[PDB]
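Student: Listed here are the chains, written in short residue letters.
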Amino acid sequence: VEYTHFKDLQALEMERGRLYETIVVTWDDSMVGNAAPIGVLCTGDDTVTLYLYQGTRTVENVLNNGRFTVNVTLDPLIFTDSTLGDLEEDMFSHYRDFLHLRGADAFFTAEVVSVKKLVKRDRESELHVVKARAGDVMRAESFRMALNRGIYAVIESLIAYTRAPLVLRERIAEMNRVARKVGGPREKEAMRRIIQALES
Amino acid sequence: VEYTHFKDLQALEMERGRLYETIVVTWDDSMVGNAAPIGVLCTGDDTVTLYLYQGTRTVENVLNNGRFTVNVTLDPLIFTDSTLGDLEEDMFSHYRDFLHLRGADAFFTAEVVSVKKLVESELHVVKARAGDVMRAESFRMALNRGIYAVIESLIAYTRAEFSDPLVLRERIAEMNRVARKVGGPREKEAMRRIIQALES
Ligand SMILES: Cc1cc2nc3c(=O)[nH]c(=O)nc-3n(C[C@H](O)[C@H](O)[C@H](O)COP(=O)(O)O)c2cc1C
Ligand SMILES: Cc1cc2nc3c(=O)[nH]c(=O)nc-3n(C[C@H](O)[C@H](O)[C@H](O)COP(=O)(O)O)c2cc1C
Numbered sequence: 015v016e017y018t019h020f021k022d023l024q025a026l027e028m029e030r031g032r033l034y035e036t037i038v039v040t041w042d043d044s045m046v047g048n049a050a051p052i053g054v055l056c057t058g059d060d061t062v063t064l065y066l067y068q069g070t071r072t073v074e075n076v077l078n079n080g081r082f083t084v085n086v087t088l089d090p091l092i093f094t095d096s097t098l099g100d101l102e103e104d105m106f107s108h109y110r111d112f113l114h115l116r117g118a119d120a121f122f123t124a125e126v127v128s129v130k131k132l133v134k135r136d137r140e141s142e143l144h145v146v147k148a149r150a151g152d153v154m155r156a157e158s159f160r161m162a163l164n165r166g167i168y169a170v171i172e173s174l175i176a177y178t179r180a185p186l187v188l189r190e191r192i193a194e195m196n197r198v199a200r201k202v203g204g205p206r207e208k209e210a211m212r213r214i215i216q217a218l219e220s
Numbered sequence: 015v016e017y018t019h020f021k022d023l024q025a026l027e028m029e030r031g032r033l034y035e036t037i038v039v040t041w042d043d044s045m046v047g048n049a050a051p052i053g054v055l056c057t058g059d060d061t062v063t064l065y066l067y068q069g070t071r072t073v074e075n076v077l078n079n080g081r082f083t084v085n086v087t088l089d090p091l092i093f094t095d096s097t098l099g100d101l102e103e104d105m106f107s108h109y110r111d112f113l114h115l116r117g118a119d120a121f122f123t124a125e126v127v128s129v130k131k132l133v140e141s142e143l144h145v146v147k148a149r150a151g152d153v154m155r156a157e158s159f160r161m162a163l164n165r166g167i168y169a170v171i172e173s174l175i176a177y178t179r180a181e182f183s184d185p186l187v188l189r190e191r192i193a194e195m196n197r198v199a200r201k202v203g204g205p206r207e208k209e210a211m212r213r214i215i216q217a218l219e220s
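First to last, the sequence lines map onto chains A and B.
Numbered according to UniProt numbering, the first sequence spans residues 15 to 137, 140 to 180, 185 to 220.
Numbered according to UniProt numbering, the second sequence spans residues 15 to 133, 140 to 220.
Some hints here could point you the wrong way.
[To be verified] Over the 12 Å line for every Cβ pair with chain B, so calculated as not near, a few chain A residues:
1. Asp-22
2. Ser-107
3. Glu-207
[Unchecked claim] Examples of chain A residues toward chain B, derived with CB under 8 Å:
4. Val-15
5. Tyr-17
6. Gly-31
7. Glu-35
8. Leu-55
9. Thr-94
10. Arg-165
11. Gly-166
12. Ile-171
13. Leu-186
Derived from the structure by calculation, the hints contain no laboratory data.
Beta carbons are placed, not taken as given, at the ideal position from N, Cα and C, and that holds for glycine.
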């Protein structure tokens, strides 16, 4: 596809504080491409943060060269093929000396400005918090939106509500976590309203 | 907000065989507005199908006057408020002899062309023709859960070794149901690959 060059992330309509599901493309020093789904937190007009688990090709590539592209797509097969295994050589395109996803609705180049270790606890792992600056922002005519799970978590909770015991509370809890993790104040307020109606 | 008029559903990039999550606005004889989330199956350039469970105001209104609008929004509080209770009067607007959702990114008028009663619960299958298609500048996409069903399945997949096979089995089963019901060939194929990978 053909890309139009834009100044920054506002052309992708990314909003400060939201986490976007994206395909992150990285490469080793032989320029062998790697792709994987990674959440990308928008922190400002031209900055993002990534939270990267240890021992993946994504983190090792990124810590080795400080470079990556973030790629917007809504194709479930790209998310699937880059999770179950590796994308084929032909899924990688060059842009200057960055690689990106062939056929991405939008991508931006990114350079690492800081990295920080971080203990994660849920249900203990150590992660890298990688803050980056966006360089060139490339948008195709096929771009519509960057994928965000906030609206989906509210929708799944409403559907569960319409059919409302331990599983339900559990579903509502997973969805609330997702909404707080990735969403904005409207999503979080939606979740509050739903939990309120469930308590009643 | 301002709308542009369009001929058919292609303007909203709805695809045949996909189910969209929308707000359906209906009204009684006194033109009292009702809004509720309803799935809308796109069946062609200007046709849709709705599946309407018994005993809602939505079905009562639609079977009574054979008219409604389908309204595109991604606002989580609108889905939430119209599920938990009722939208207030200022949430309805006029278009010709139809009501629509005030502030919708897009809406279309629809006229019932046939209805069929299905049998536990009673269900009405309502086929309708799309009339005027009205698109605002804020329009990006109509909401569809297919990509989210894949996304949820892939996260569950990456967490496979760390959770109990039973909840995992059930979550994949349910995301499979969603992709089947709402999704296109790519989402269905994605789910097929995921389930296969889990079985290996
Ligand atoms: C939708 C989704 C979101 C994900 N987000 C992250 C994330 O933000 N950070 C991370 O380290 N891994 C994340 N992952 C998991 C990685 O994609 C997964 O570990 C992948 O196998 C890494 O492969 P790699 O070794 O090629 O880098 C995510 C996976 C999915 C399916
Ligand atoms: C995301 C979502 C999709 C829904 N889809 C349908 C559907 O297609 N058909 C239906 O009968 N009800 C559907 N519902 C449930 C109704 O919205 C719900 O019963 C609502 O309370 C009806 O309100 P009413 O009495 O104003 O019509 C859906 C609910 C949600 C949250």
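Student: Measuring from the C-beta of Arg-165(A) to each C-beta in chain B, is the shortest one below 8 Å?
Tutor: Holds - the Cβ of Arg-165(A) comes within 8 Å of chain B, reaching about 7 Å at its closest.
Student: Since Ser-107(A) was said not to touch the interface, does its Cβ keep a gap of more than 12 Å from each Cβ of chain B?
Tutor: holds, 21 Å
Student: At a threshold of 8 Å, is the proposed contact between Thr-94(A) and chain B supported by beta-carbon distances?
Tutor: Hint holds; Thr-94(A) Cβ to chain B Cβ min 4 Å, cut 8 Å.
Student: Would you settle whether the hint for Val-15(A) is holds or violated, based on the nearest Cβ-Cβ distance to chain B being less than 8 Å?
Tutor: Violated, because the Cβ-Cβ distance from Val-15(A) to chain B comes to roughly 17 Å (cut-off 8 Å).
Student: Check the non-interface label on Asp-22(A): least C-beta distance to chain B beyond 12 Å or not.
Tutor: holds, 19 Å
Student: With a cut-off of 8 Å on the beta carbons, see whether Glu-35(A) makes it to chain B.
Tutor: At 6 Å from the nearest chain B Cβ, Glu-35(A) passes the 8 Å test, so the hint holds.
Student: At a threshold of 8 Å, is the proposed contact between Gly-166(A) and chain B supported by beta-carbon distances?
Tutor: holds, 7 Å
Student: Can we keep the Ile-171(A) interface hint, with Cβ of chain B closer than 8 Å?
Tutor: With Cβ-Cβ at 6 Å, under 8 Å, it holds.
Student: Going by Cβ atoms only, is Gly-31(A) closer than 8 Å to chain B?
Tutor: Violated, about 15 Å.
Student: Return the status of the interface hint for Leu-186(A): holds when the least beta-carbon distance to chain B is below 8 Å, violated otherwise.
Tutor: violated, 12 Å
Student: Is it the case that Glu-207(A) keeps its Cβ farther than 12 Å from each residue Cβ in chain B?
Tutor: violated, 5 Å
Student: Using 8 Å as the Cβ threshold, decide whether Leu-55(A) counts as touching chain B.
Tutor: Interface hint status for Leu-55(A): violated (16 Å vs cutoff 8 Å).
In summary, the numbered hints that this structure violates are 3, 4, 5, 6, 8, 13.
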